[PDB]
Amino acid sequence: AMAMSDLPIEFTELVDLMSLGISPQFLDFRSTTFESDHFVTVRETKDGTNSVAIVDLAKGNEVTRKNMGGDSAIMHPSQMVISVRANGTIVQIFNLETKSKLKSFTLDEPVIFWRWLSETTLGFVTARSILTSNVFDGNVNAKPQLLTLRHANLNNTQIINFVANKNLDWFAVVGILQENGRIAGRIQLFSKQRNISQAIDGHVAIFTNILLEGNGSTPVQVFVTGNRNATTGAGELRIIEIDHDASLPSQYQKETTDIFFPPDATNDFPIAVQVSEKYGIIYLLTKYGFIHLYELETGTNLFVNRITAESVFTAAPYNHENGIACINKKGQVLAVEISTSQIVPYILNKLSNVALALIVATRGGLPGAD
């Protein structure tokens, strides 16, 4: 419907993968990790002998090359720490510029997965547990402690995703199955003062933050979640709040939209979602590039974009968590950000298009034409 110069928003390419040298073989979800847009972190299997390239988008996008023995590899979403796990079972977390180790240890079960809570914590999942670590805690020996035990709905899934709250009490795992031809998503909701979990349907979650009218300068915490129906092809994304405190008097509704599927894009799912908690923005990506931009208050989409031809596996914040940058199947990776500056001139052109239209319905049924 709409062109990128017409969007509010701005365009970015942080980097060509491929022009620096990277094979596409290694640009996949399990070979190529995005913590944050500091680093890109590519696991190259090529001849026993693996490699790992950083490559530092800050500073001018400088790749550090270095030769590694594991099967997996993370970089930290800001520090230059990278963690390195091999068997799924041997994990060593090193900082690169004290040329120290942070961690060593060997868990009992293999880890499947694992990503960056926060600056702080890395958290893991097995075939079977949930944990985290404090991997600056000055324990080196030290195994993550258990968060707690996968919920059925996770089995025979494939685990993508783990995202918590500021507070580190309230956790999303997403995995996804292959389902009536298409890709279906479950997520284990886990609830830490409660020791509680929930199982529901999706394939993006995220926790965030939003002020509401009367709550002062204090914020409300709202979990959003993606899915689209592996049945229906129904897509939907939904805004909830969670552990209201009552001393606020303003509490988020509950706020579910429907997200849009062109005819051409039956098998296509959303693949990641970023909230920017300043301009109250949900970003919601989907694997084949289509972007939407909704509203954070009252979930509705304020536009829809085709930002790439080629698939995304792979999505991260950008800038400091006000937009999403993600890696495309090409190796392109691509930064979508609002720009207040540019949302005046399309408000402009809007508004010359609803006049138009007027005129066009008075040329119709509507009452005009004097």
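Just so we're on the same page, rigid core means the largest C-alpha set that superposes within 1.5 Å between forms. Numbering follows the first chain given and starts at 1. First, how it differs from the form deposited in another entry.
The comparison between the two forms, aligned on the rigid core, picks out a single residue among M68, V304, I343, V63 whose CA moves by 2 Å or more, and that residue is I343.
After superposition on the rigid core, the Cα atom of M18 is displaced by less than 2 Å between the two forms.
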Contents of the next structure:
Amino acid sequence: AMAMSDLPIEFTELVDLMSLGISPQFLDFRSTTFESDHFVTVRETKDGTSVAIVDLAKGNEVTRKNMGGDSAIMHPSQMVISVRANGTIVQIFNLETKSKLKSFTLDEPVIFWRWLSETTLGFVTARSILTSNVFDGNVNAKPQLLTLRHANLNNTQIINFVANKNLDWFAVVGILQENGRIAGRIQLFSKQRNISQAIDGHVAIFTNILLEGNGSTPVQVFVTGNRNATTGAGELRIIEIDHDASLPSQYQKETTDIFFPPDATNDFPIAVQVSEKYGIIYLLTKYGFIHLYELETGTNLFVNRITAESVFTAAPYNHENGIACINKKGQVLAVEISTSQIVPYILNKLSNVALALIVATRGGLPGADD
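Form deposited in another entry structure, per the form deposited in one PDB entry context:
We keep it simple here and write out only the one chain, dropping partners and molecules.
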């Protein structure tokens, strides 16, 4: 085990759900949902009839409400709950005003949903992908079709739906059993062209990076990670999307290994989150390994197994500067860079002054003034 003073990261437990009386029977992907580090929503059932909303921003205060619905998520930052029943009926409520933001019935059941932005909720059915601007005031409007699902997502469990800030690029992630392992399939979608591309991958996120020469204008990159179910080889890719011709500097595509030890045969990437501010990628595996990469270069900075209990969900942490996850024991664990230790770590453990400068300059971090 590595001591905290030696790490490039700060590692914390936000809450333990079992400590709060949550049964392990509900500590699973469909029951215990996590859109951001602000809230955890636990669906419980007893005698044929609830949600426990854990407010991580208010000392882990628990709000319990009975519900007729069978699935629920909280918004990333506001006291706004989205509930669905029988896959077709969806309602979204501001719990503070008790006001209904959205209320509609879909023609095809929702099988997956995820907040794409502060304004927009993403929905996936067996055949389609839709989005709703939940705050637009049009309570009874159904979500607008984004596109049909690609055939590559056929017979998958949909596990993520992400978008860029512009809400014109999207990725939907599904997994399936193959070769005794879990393979990942991603449908990438450009709304501008209304065209999809199918790729292999278990995790996906869109982010932005400020490059020298481009002034204050960021370029957009898509970050994706895969473990090949046939070979067992892991790979992270970072690629530019929609390069603005007015900008002189381009982002060169980066590809880096995702290491898996010989005894982690059936592990795979389960989450990826990125700090735009620091240019740091956080990749988490199902078996609890954290992998940090520098965003500009794709360089691997750090690998450590932060938990031995399997992870089932994750989300952004600390104003999207880190990653948080939930393990099978209901531990909500958080990793972010250590602002005081990361630069010294790169200088001393990685022995790389140039990389240390990249990180320190982008993040405004101490350690490389000399």
